[PDB]
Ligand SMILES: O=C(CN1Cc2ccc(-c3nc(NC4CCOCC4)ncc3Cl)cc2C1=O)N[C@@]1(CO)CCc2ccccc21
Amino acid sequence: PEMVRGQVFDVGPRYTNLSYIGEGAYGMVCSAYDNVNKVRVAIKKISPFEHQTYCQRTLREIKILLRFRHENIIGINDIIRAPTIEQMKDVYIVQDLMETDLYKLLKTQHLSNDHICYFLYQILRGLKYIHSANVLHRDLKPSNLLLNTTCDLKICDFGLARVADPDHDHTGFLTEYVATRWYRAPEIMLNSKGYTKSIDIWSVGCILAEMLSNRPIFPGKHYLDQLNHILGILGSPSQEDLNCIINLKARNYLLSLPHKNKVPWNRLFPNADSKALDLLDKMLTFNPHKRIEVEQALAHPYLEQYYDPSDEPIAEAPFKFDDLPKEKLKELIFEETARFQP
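Can you show the structure of this one chain in the form deposited with this ligand bound?
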């Protein structure tokens, strides 16, 4: 078997000529020549079976992405594993290989308004489909938006994704949360478990602001610092928005802060298109009930050149399927990956 940077890659025979790409908690990723389709692909080796939280991320990633089929959502092309549960130590997930991601692009490149518009359109078109299946991505951020050489965009990493559950959304003040800090809606720190579609729209709002200036809009260094960066720009919540926060610890925290005025978007973003800033404002609304929805966002005048609801598909049916053990999640992973065996 091939090795890459001191790791076995048991992807053959089909997948050969393996170049390293990168690495994280998830595992390792390489490009590989796919000998059946005659194209290089991404393959990420997951070795999750000794941690039930990595097994959860693996099952979510595989189950959701095999159900979903959409031009702006990364697919799974193939999955490699051993022929039995016992011999299965790794899972290789094969996906279309993409040139870069929006994180890398923003650290190096100025985006034209035309590029910003097209990226935003694609994010929302993928998100329309995600949300139509009653799913929340819950970790939208520039590194989870893959880009090819002609700026086609695909949303990736569904390991935190959930079915939406807005009747179980309420929680207490300062409840801990897993998704990336800078893209967390203000309600996460106040009274929300992050089980509504409006969580994803906030993150998209954050991404949009970041495309306008190549800097994160709300770069909090710790849990509550994130709300204070948010309130620094949006200003103090209105009476009406506060009355919606019935939790007293959260309410009284907000009432304790000195009055802060709204920083106008056109002063933060002097070179931005005014329609982009109108849509930004609606995505970065403090009150999640007042926040724009994905379909309204698509219909916003900023995206008029692209908007076409007939060419913005939805899922044919809602998605469905939990503190289960590592060993049962392994079984589920084995069942879900069977279609790729000879």
Contents of the next structure:
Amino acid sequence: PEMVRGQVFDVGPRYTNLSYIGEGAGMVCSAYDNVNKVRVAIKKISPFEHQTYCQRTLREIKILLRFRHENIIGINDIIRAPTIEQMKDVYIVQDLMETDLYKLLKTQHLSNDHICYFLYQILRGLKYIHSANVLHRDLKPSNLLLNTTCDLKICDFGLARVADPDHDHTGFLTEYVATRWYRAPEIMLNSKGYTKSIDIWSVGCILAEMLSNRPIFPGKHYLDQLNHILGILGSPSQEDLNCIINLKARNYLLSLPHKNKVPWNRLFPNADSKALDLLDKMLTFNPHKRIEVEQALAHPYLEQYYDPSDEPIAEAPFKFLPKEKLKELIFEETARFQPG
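What's the form solved without this ligand like, now that we've got the form deposited with this ligand bound?
What comes next is one chain alone, with no partners or other molecules.
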């Protein structure tokens, strides 16, 4: 059994020369693949004690194995014990990606051509995810992986769900799991984050962050996230308020001092005007009025890239429980990788 930091990282004999990386979810390391002759990334997952983490591990593995797209991280291999009883960890092998958009934005100015290109690839991947009736629900720069030629792949489907717009309504101040700064305004008001518009918001936030290297709405707590949003978009219109039937959420918005829109061209003076037109459409307060992924692809900003015949959709969309049974399902889901 190979060791890294005095812990089992048991992956051989296909994957040799381990270098440590981090502590993502369990721990992460790189390694040399001996069948394909490329180095790879390997995540150790240990979820069998908790039914919640079984559900998340199973959801991510099921989704990633269903999906096949250039702009979504694939699972190359899964390593685990030959029996349920001996299975204590799972190792997920993926393409080694030299960096991510979070890291890149910490030290690199992005040219307008890079921003355009990254945005295109994000939306191309998202078109596919949405076409499978899946919501990612945690899009943010650290979940966008990049290699040295700037190919981009969406990762981390741990919070992803099958779309469920008929059951999206909730009361005011409902607790939310996904990363605060990329949460759409409606999450804090009346939304469980079960519609596609939740992801387009996050993409809008990422576009803004790409332009300035700084998060656009860095809220310090749950309702501060909404005050950051309204300080730029301005107070919602009566029409957009009329769409919020929940009284607590409506009265909260009514209680706030009036705030006027900050023009995008003042926040981002060096930005391409077409980039700002698209940004405005993704960062729209009203989720029903917010641009759809396909409309965003078709926007003049992306005209150099847009090619719907080369923007594939999912062949097999996702149409629609104790940890003991989920361990069996994870074991089952990962069976295809066993020597055979």
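Numbering follows the first chain given and starts at 1. In this text, rigid core is short for the largest set of C-alphas that superpose within 1.5 Å between two forms.
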Check: Where the core is superposed, what shift in Å does the CA of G6 undergo between the two forms?
Finding: 2.2
Notebook entry, point to check: With both forms put on the same core, how far apart in Å are the CA positions of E331 between the two forms?
Noted result: 1.1
